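Step one of this worksheet: look at the structure below.
Every protein chain of the complex appears in place save one, which is left out.
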Amino acid sequence: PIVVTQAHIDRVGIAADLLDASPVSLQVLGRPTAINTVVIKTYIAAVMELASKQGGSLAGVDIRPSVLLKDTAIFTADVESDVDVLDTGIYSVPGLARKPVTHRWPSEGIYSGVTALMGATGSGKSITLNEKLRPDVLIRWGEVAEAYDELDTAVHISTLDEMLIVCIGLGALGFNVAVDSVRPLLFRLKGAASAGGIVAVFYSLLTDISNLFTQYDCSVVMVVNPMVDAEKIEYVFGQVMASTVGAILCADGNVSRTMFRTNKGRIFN
Amino acid sequence: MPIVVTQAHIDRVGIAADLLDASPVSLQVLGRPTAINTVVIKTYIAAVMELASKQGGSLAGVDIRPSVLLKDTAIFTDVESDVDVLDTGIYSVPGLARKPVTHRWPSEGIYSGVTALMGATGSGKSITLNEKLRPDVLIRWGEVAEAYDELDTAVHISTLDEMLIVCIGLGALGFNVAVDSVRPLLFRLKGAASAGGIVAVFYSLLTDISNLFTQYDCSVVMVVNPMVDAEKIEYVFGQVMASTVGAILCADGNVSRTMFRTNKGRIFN
Amino acid sequence: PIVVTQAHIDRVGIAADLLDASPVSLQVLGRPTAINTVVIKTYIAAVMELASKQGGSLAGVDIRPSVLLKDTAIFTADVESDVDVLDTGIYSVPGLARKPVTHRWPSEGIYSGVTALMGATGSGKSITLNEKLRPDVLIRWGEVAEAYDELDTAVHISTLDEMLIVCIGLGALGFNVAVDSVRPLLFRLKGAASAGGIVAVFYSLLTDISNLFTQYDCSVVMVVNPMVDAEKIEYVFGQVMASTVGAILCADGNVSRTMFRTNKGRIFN
Amino acid sequence: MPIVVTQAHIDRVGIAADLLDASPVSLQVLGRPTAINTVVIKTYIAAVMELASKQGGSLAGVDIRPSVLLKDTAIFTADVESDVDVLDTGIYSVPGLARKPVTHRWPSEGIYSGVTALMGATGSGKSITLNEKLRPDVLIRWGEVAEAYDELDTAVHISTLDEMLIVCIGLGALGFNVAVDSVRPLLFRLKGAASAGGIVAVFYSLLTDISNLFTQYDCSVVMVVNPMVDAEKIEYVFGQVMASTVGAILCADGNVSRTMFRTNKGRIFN
Amino acid sequence: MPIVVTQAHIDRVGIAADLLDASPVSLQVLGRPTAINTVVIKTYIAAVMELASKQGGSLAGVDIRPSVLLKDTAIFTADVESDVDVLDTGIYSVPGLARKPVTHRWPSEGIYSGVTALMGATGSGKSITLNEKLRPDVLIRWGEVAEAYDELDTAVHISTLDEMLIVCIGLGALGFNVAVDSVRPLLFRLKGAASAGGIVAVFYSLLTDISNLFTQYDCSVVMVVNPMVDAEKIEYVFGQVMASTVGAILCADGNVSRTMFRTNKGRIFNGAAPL
Partner (left out) sequence: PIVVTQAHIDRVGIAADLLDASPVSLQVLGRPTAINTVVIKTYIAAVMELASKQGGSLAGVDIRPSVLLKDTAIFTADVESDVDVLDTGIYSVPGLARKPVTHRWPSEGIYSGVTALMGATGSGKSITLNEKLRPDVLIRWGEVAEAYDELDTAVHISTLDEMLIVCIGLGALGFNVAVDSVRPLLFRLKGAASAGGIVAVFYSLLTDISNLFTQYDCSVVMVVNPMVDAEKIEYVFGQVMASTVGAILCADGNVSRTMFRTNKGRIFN
């Protein structure tokens, strides 16, 4: 189950302050799109109200945004991925001038941001996540029917808006949020593939997502599975390390490599 | 050869309508998410049952084609394949929080979803499907004139809308539905080819199709034959295993490899 | 000459029936487009009247659609080849529930559909077509001035609409129709080339064309010579066999390989 | 150097007008089929004959350029992209001739009417072979830098594709031996995905459509075709072009490497 | 860690305003030339000086971010595609300086005004070289993950390209040693067909246009440029970048592998000078 502590209740006000304090946007190959902070606040309030209906114990099924919110839109005519970058402009989510809030998960003293759980298909990513990492909230997206779907920690989403709502919303409150998988986004990323058989904007998106979590004191682990050649995975993992607060590589059911940006410094394996 | 409607099928009609109304679904490829009109599937089920009532329950595949039973066969209610992912949004069909309904076909105790019948051209996919699999309903799409077209189990479709209508409609009632083949969709998949000489959205589509069947308690076998190199088929089959409930590989008229997600767990050969 | 037998006259009524009974469309990378059946019927009527005015012995020049019909259009604002597959939908011409009508040409007991006469430039396709296959009607499209143009069996077309009119129109009556060539359609196929250096929709088009002939009891031989590498022709011929009722490979002025789907079964060489 | 108008040319004027009016033609590339205004070609022929009459039959290539003789040089009669559905634009190929083509003595004996492609790498001797070995009656110069051939009285300097077809169909139908050096402005602007041989497939369709356009109007034209292709891939492309033209000439190190001509005595390879 | 405003900076304010008004500039990429609103840069300089005055000369990078000081951060003043005819859009390059450019002591001695490009593969030590060896006065942080450099009082966190140019031209003209870590948000969103070296050709034109923009406004800027390029094509890309900037530094294995600086003493390739 997903148990709501007094620590989570005390973070509600702070979470609302963090969201209102900084206006954020996101961009991919098109034009920068603003994130409606209000929706995340509304989600937190809905989760707290339901938590109150129960004994603080929540079922992942009951906290899905499609059930709690009338509208699940976070992004507020249509632009092509091959338009002039000077007509659309360029946006990256700004960094934190202050020291980021540290966490005990996925690693000790890790800064707020995003961790990428990498590896080839069947390398043990989902296994490593649920057995070793053991998240408080397990977001399930674009993955076939598995044993992890029967878990009361599992929250089934359909859109990118829903992913960010649950990640920012619950992550800000102090929950250890995880996403399995981020394949719906990755496999629909349109554009010319750069060095490593993957679009360059993929690395920019990971940085923008990481900083979005750093700003809202979230500690999120995302399963990032790329359609990349068996030997080109090492290059891509090195490139992802420069774009995320955390990075975990899986090979043959075990953890091959690690990288974490902590209060004790950047730790490699 | 005939398609017989048992009392078991009649008793599932109400449940099928209940599953369809309970969850609103959509589908996305490289464009924008498009909603699926559930009502059309319900209307199809009612038309099949009405005809089964007039006949002895012994129905001919020719008489149950949607173009004949329905006035309009549309299930989806103009965007380029190279449009910003943030302007269209991303959609994946949500997972099942509950345990999926098990089936005896194509394998014992297999969960509801999709099975991909893979193999090179002339590897014996169509032969394995009809002789070894023995499906109740055989959907024939984008295939040249063969002996399987003269079968009373054969239902000849033209559109993707029709495929989903027969698959969800009859599959929900408990019928063992099969599609030979899904080639018109695969060969019209526009986009930049990823690792393995195939567009990445192909794997996302298989997962979205699988989850669509998992949600509506369907057990469907689709023969998937995409344009891929003779040696690159092993990589693609491994990737498809991570995107479907079932996977069957054909080589020299026989079954080379198998993967099934059952109540007894994931079984490899 | 092109001689009209009583057997052809007796098929006129059956041809109008077949054409009215099933509404057909065609799709490539755009949106599905309906085929106006009336135009084919109008063409048959104009050919029969001219055959009745002359001695039954017609000249290919006199039966060209541009001469017999006021308008040659078969297809009834503008869509790009890179448009979302979900916005246009997917269409494949439906298969035949009944047994297809057999023919003695290009092979004994062959089912109605299309035969692809394949080979590199100067492999002997056009020689094999005119000397070994001996067609009744020879449609000449996208080819330079050759000896075959002076033949009384030769009918010179300009559009794809005209090709289908003569193929379906005369083919349905029992004539052995051949197209030399289909290069104006192949070389103008816009899209990203799949495995084998050729667009995947090419194989779907051959199946759709074949089934169009299977439905209207036609036996057509099309010379198909797409821009493909000298060594990649074997792979492409292999994929084409899985997309057509007949397949003939030319090399060094002679027949290299054959495949025919007959009443006695699929025959390979 | 001069362009002389014989009685044979004068006697063909009526026949040329008949050939043009008899068959309506179009052209297509990656967009939609575009009709060719036959009237413009007839108007050009009339202007050339009138000037030939004022002179002694002896004409200067400079004086017979379409931009000088016609007020409007347009042959093709809102805007479509090269990546549009083939089914929405339709497909057009210029129809073949049911009758025997009109044979010529140039570039080869008994060669049928149509187009000949003068191929070869850059500096292989295409322009040299064209002017020294071929000896054309009319030399169309297009998209080529300043050379000795521009000072020739046979040289007619054009700017558009419309102008090329006007001079090729107009003068070729009358019986003149017309040549184009070169067709690089069309080839280098051919938009589309490059097929096998590092060149767009529609290139081969265009050569056939151009050939048949000349076959129908009994024109004997030699076009120097030099597309951007790899040094070793030229052999493959030349073989493919042979299947798309009435004539084909390959140049290598200033000399003629290979030949192909479709004649009344049959197809002749070297 | 702090950003100190000297009398030298105060004396440059007028000079900077004149430089901006004297020459009208634009920028182009694959679309239509877009004009740069000089007024916004002047307004930013005035806001920085006014705040420097309220504080004791010393300023915090957080307080000088354009989003905080200006009501609108737009520098570029309907929508054109990256694949439009070059003749329908025309071509624009920022013009060169007819006079001798203002020399600087940073990033190299006697260097001309313009842009310096700090190259290297990922984890080659670009950010380390920038902060330890180069020591910039103002550190612009853009599209980079949470690092130790973000806690620095020299760090100014931006989000747009408009903001980058405002801080670079605005503070750089006054005499500050401005650095950008990273320029990746721009590089990773460069739409177009990749040329030789697995990178769009307009990338090199943009570096030259950015360099000349700084040469005209007497700025000395160091931009860290991380290219999505294969391990073996980095040498080719660097050679090409050297021909497009006033300064270029290559990083490899935590150290400086190669340098190029256009100084008053001439073009110096791989000099004996610690940064």
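We just call them A, B, C, D and E in the order they show up, numbering each chain from 1.
Basically, a residue touches a chain if its C-beta (ideal position, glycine included) is under 8 Å from a C-beta of that chain, and two chains touch if they have at least 3 such contacts.
Remark: the absent chain touches shown chains D, E in the intact complex. Of the listed residues E:66, E:125, E:192 or E:227, the one in contact with the hidden chain in the full complex is E:192.
Within the full complex, the residue among D:28, D:216 or D:244 touching the omitted chain is D:28.
For the chain missing from the display, the contacting residue among E:81, E:151 or E:153 is E:81, taking the whole complex into account. Interface residues of chain E facing the missing partner chain: 26, 28-30, 33, 80-101, 112-114, 192-193, 195-197, 201-202, 204-205, 208-209, 211-212, 215, 236, 239-240, 242-246, 262. Chain D meets the missing chain through residues 27-32, 34, 61-62, 67, 76, 79-83, 122-123, 141-147, 150-151, 155, 157-162, 184-194, 198, 227-231, 233.
Methods note: only the chains that are shown with their structure count from here on.
Centres computed as Cα averages put chain A at a distance of 31 Å from chain E.
Note: centroid distance chain B to chain E, computed from Cα atoms, is 54 Å. Centre-to-centre separation of chain D and chain E, using mean CA positions: 54 Å.
Among the residues of chain C, those in touch with two or more other chains are 27, 29, 79-83, 191-192.
Pairs of chains meeting the touch criterion: A-B, A-E, B-C, C-D.
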